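Undergrad: Residues per chain are reported as follows:
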Amino acid sequence: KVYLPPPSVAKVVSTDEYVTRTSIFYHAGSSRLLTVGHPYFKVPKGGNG
Amino acid sequence: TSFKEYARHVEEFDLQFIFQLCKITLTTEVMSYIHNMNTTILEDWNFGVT
Amino acid sequence: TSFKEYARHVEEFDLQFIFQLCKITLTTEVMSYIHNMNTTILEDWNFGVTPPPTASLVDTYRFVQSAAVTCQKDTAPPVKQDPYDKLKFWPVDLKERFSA
Amino acid sequence: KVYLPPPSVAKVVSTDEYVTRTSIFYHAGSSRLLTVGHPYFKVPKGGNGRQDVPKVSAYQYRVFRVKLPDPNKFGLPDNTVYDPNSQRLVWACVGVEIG
Amino acid sequence: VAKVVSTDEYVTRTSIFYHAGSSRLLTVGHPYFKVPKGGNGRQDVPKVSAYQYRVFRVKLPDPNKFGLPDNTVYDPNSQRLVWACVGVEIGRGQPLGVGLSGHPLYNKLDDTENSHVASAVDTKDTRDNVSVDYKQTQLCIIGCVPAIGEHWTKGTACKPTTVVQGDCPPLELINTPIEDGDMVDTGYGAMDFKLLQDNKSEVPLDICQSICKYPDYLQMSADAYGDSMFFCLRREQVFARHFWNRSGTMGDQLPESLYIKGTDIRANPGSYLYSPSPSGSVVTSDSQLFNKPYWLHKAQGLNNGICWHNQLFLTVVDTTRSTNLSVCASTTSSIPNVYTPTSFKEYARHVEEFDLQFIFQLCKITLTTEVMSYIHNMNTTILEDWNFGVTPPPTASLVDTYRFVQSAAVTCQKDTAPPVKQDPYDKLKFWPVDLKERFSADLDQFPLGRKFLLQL
Amino acid sequence: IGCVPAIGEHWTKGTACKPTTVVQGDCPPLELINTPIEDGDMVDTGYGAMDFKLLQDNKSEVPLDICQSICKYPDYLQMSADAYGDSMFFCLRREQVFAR
Numbered sequence: 010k011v012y013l014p015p016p017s018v019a020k021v022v023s024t025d026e027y028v029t030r031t032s033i034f035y036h037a038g039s040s041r042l043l044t045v046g047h048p049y050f051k052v053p054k055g056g057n058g
Numbered sequence: 359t360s361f362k363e364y365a366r367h368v369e370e371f372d373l374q375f376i377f378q379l380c381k382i383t384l385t386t387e388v389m390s391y392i393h394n395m396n397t398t399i400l401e402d403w404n405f406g407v408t
Numbered sequence: 359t360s361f362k363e364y365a366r367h368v369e370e371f372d373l374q375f376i377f378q379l380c381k382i383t384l385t386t387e388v389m390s391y392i393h394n395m396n397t398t399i400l401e402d403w404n405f406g407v408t409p410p411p412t413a414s415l416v417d418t419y420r421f422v423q424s425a426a427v428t429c430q431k432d433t434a435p436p437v438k439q440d441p442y443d444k445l446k447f448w449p450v451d452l453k454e455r456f457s458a
Numbered sequence: 010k011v012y013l014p015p016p017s018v019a020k021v022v023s024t025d026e027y028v029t030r031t032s033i034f035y036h037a038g039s040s041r042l043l044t045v046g047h048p049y050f051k052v053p054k055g056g057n058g059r060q061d062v063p064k065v066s067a068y069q070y071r072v073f074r075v076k077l078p079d080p081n082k083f084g085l086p087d088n089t090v091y092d093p094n095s096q097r098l099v100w101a102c103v104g105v106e107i108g
Numbered sequence: 018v019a020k021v022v023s024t025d026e027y028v029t030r031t032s033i034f035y036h037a038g039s040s041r042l043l044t045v046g047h048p049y050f051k052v053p054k055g056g057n058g059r060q061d062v063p064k065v066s067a068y069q070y071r072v073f074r075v076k077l078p079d080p081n082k083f084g085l086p087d088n089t090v091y092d093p094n095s096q097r098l099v100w101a102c103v104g105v106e107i108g109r110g111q112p113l114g115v116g117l118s119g120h121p122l123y124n125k126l127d128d129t130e131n132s133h134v135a136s137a138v139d140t141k142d143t144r145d146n147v148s149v150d151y152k153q154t155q156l157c158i159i160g161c162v163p164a165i166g167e168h169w170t171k172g173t174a175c176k177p178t179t180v181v182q183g184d185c186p187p188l189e190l191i192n193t194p195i196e197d198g199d200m201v202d203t204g205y206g207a208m209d210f211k212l213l214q215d216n217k218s219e220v221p222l223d224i225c226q227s228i229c230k231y232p233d234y235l236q237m238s239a240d241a242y243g244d245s246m247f248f249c250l251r252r253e254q255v256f257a258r259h260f261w262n263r264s265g266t267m268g269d270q271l272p273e274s275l276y277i278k279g280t281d282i283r284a285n286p287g288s289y290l291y292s293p294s295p296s297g298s299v300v301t302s303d304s305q306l307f308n309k310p311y312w313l314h315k316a317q318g319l320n321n322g323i324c325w326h327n328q329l330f331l332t333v334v335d336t337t338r339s340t341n342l343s344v345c346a347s348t349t350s351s352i353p354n355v356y357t358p359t360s361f362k363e364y365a366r367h368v369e370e371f372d373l374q375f376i377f378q379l380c381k382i383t384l385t386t387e388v389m390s391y392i393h394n395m396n397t398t399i400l401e402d403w404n405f406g407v408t409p410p411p412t413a414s415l416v417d418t419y420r421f422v423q424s425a426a427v428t429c430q431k432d433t434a435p436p437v438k439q440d441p442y443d444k445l446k447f448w449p450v451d452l453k454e455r456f457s458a459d460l461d462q463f464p465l466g467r468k469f470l471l472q473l
Numbered sequence: 159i160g161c162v163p164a165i166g167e168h169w170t171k172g173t174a175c176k177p178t179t180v181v182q183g184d185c186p187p188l189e190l191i192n193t194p195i196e197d198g199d200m201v202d203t204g205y206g207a208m209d210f211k212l213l214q215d216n217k218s219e220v221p222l223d224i225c226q227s228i229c230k231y232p233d234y235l236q237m238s239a240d241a242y243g244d245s246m247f248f249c250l251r252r253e254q255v256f257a258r
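So the sequences go chain by chain: A, B, C, D, E and F.
The opening position of the first sequence corresponds to residue 10 in the authors' numbering, with each subsequent residue numbered one higher.
The opening position of the second sequence corresponds to residue 359 in the authors' numbering, with each subsequent residue numbered one higher.
The opening position of the third sequence corresponds to residue 359 in the authors' numbering, with each subsequent residue numbered one higher.
The opening position of the fourth sequence corresponds to residue 10 in the authors' numbering, with each subsequent residue numbered one higher.
The opening position of the fifth sequence corresponds to residue 18 in the authors' numbering, with each subsequent residue numbered one higher.
The opening position of the sixth sequence corresponds to residue 159 in the authors' numbering, with each subsequent residue numbered one higher.
Next comes chain A alone, as it looks inside the complex:
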C-alpha cells in the first residue's frame, strides 16, 4: 500500500504497452570526454581540489 494501491489485480508487463511512440527524433551526443591521472595511485598534492 501507499501511495497508489490497486484496483485491479494483475502482473507486470512491458512498458511498451503504454508507450505512446512518437516521431520524435533526436540526435544527442557527447563530444570528447577526457580525464587522465596516474595508474597506481592518486598523486596527492594537497592543493586541493
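Simulated from the structure, these hints should not be mistaken for laboratory data.
Treat the hints with care, as some may be off.
[To be verified] Distance windows between CB atoms, simulated:
no.	chain 1	residue 1	chain 2	residue 2	range
1	E	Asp432	D	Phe73	49 to 59 Å
2	A	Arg41	B	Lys362	45 to 55 Å
3	F	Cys225	B	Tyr364	41 to 51 Å
4	C	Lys431	E	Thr418	27 to 37 Å
5	B	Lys362	F	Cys225	20 to 30 Å
6	E	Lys54	D	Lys51	29 to 39 Å
7	E	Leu117	D	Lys76	24 to 34 Å
8	F	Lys176	A	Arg41	56 to 66 Å
9	F	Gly198	E	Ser298	26 to 36 Å
10	D	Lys51	F	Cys225	52 to 62 Å
11	D	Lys76	C	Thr383	18 to 28 Å
Note that beta-carbon positions come from the ideal geometry of N, C-alpha and C, so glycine has one too.
Starting from the known structure of chain A, fit chains B, C, D, E and F onto it as the hints suggest.
TA: Just chains B, C, D, E and F now, kept in the frame of chain A:
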C-alpha cells in the same frame, strides 16, 4: 640519476544518440502501477494532483 | 531394590475430513473490505500488478561444510507463523492425504 | 488515505455471502497420529537430539496446526471453474470424522 | 519386433507450455580432497573442483495428478500426463576462470623435448614439482536417465596362471554410469589411475588417487529407444605444452634392433618412455556455448525429450572456469613488517554457481493397450506410477505410519526401516535438483521465455 | 545499457558462527557478495571480485595496482534477471585470455 621516471594514465570519450520521446497517457491504475514502480517519476512529472 | 521402574504415555488419533472448494469472485469492495479485514490472503493471491517485486540469485549447497560462510542465513518474515510458531502444535500437512 | 474504505456500510458480514460455492469434494484424512513420552515430567538426558523422554502426559491441550493444500494451485487452470484473478479459490472443509 | 515406439507416435502433444528455471546453485571446497574437520555435520571442507562430470538429477512434478479435474482438456484415465521440456537455456554462473594442478613427486626422466643439456642422472626419486591444465572443453548431455562413461582397468590376467610382481596385466575396458561429481577424464584416464600407477608419483595429484571415465555417447547414442540421453552437446580442444621422458623401470625391454649402439649410455640407451605435458589452449568467451536457447525439435532420441518420473539427468562439462582460491592468513595477529610466508597459513577453495532455465510442453498420452502394455514392457514402472487396475496396496501399513519422533529416547528404533520404490541411482550421487515450482507460464517473465515466445 | 545503474558481484569472507577457534590465520569462512557498481569501479581482470587484502595477509602477492584493492565482477546474471532492464536493457561482452 639524472632522470626521473613518471607514470601517467589517459582517457578520451564519445556518446552519440538518437531519441524518440514517448508519451504516456496516464490512467490511473497505470499510474498506480507506475507509481508502484516508481512514483517518483510521477512526482517528477508531477503527474499530480496536489 | 532389584528393580528399576519406568512411567510412559501414549496417544493415537486419525481424523478424516471432507472439503469443499469455494471461489471467491474477487470483488473489489469486498476484497478491499477484506483487505481491510485483513489483506494478507488477498495479498497471497493478488496483487501481481506492480509491485509484487522480488529477490533472486540464490541457493548455495553445503553451507558451510567448513569454511563456506557459516551464515546466519535464517531469512523468513511474518505472518501467522508470527505468532504461531511461538506455539506448540502437532503440525499437520494434511494437504496431500487429501483424497478426491 | 491508507485503508481505504469506500461507501457504504463498512461493516462485517458472513462469509458465505460472498462465498462462491463449488461441488468440490475432497476427503482428507490423517494417516495416524501418535506421540509418546513420560507423563510426570520430561526426562532430559542430554545426549542430545534431544535424546530424551518428552514429558508426555495428556492433560495438555490438543492442537493441530493444520496445513491445508492451496486450492489455488490447479491445473489445468483453464478449467471450468476458474478464472484467476476473477475468482480465487478457497477451501472450506466441511466435514470431519475424528478418529 | 523390438521396434521403437517413438514418443510421438502416441504421445499426444499439446498446447501445454511451461517455464522452469533454477535461481543459483552454489558450492565451495578444495581442489583435491575433503579436508575433514572431524566431520560430521559437516565439518569438513570438501573437495570442490568441478572437473567432474556434472549430474543434476532434475526433478519436476507430477503433471499427472496436478489436481482438480474437470479434466476438460483431458481424461487422465485415458490420457495420462507427462512432461516434455522443449527449450532450455541454462544460465551459467561466474566470470571465466582458469587454474593449475601439479605434483611434487611427479617423476620425470627428463624433459626430452629439446633439453638444453641432456644430462640424465640414473638416481631415483628426482620426481619434482610440476603443475598443468587440460583440453578446453564444454559438453552437455541431457536425458531422461543418467549416463554411462567408459573407462579402463588393469584387467583380468585371465590366462590360467598368475604372474610376476609388477608384471603388466592385460587391461580390460569398463563401462559405468556416470554420476554427479564423477571425475572427469581430462586428457589422461578413463581408467583407474590409482590402480595404474603403483608409484603414485606421476601425474597431477588430483587424479593420482583416481578413476574416471569418458562418456559413452556412442553406446548411449546406440540407446534403446533414444531416451537415456536424448540430447547431447559437446565441444573440446587441446595442444601439447612440453615433452619429457618419464623416469621408471622399463617393465619391458627395447629391441636392440633399432640402433647401432654407442659407448656406455649410448651403448646402452636409456628409457624409451616418452611423455608430454598438456594444455587446452587460449580461451575466448566466444566459444562458450552457454546461455542461449536451445530449442529442441526433433532430436536423436526416439523419445523426443520426455521425463517420466520427472527426471532429467543433466549432465555437463565446462573448462572455462578453473580456480580454487588462496588466502594468506596471518599466523600473527600482528602484521609484521618483514614479511615471512611463515607468518601466514595459506588456504585453497573453489566455488561454483548455477541456473537451469526451461520451456516445456507437457504432453498427454492416451492409454492404448497392446502398446501400453508394450510400454510396460518398455518399463512398467512409470505406468505403475501412473497406475491403473488395482493398485494394490495395504491398509494396516498405510494407517500406522508417522507416530513416533518428537523425542529421541522414547522409542529408538529410530528409522532403521525404509519404504521406497527405489531409484537405483540412490546408490549414486546427484546434484539433487528439483524444480516443482520453477514452473511458470510466464514466458514473458522468463528470459528464455521471452525468447521462446519470440521463437514462435 | 540501463536507466539506472547496476550491480556487480564479488567476494567476501563468511562467518564462522561461534568461536570456531577463530585462529589467527585460520581458514576464513567464505561469503559471496553483490554490490552496485559506480562510475570507475574496479574490475575483474580475469582474477577476482573480492577484497584482496581480505585474502592476503601479505600485500606481497597480487599485481600491485590491485594489491590493496577490492573489485567486483558484473552481475550479469542478475542483471539478466533484472525485473525490467533499467539496469540492463542490453548487455554485451567480449573477452579472451590464455595463461602465460
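Undergrad: Against the structure shown, which of the earlier numbered hints fail to hold, in ascending order?
TA: As far as the earlier hints go, 1, 2, 3 and 7 are violated by this structure, in ascending order.
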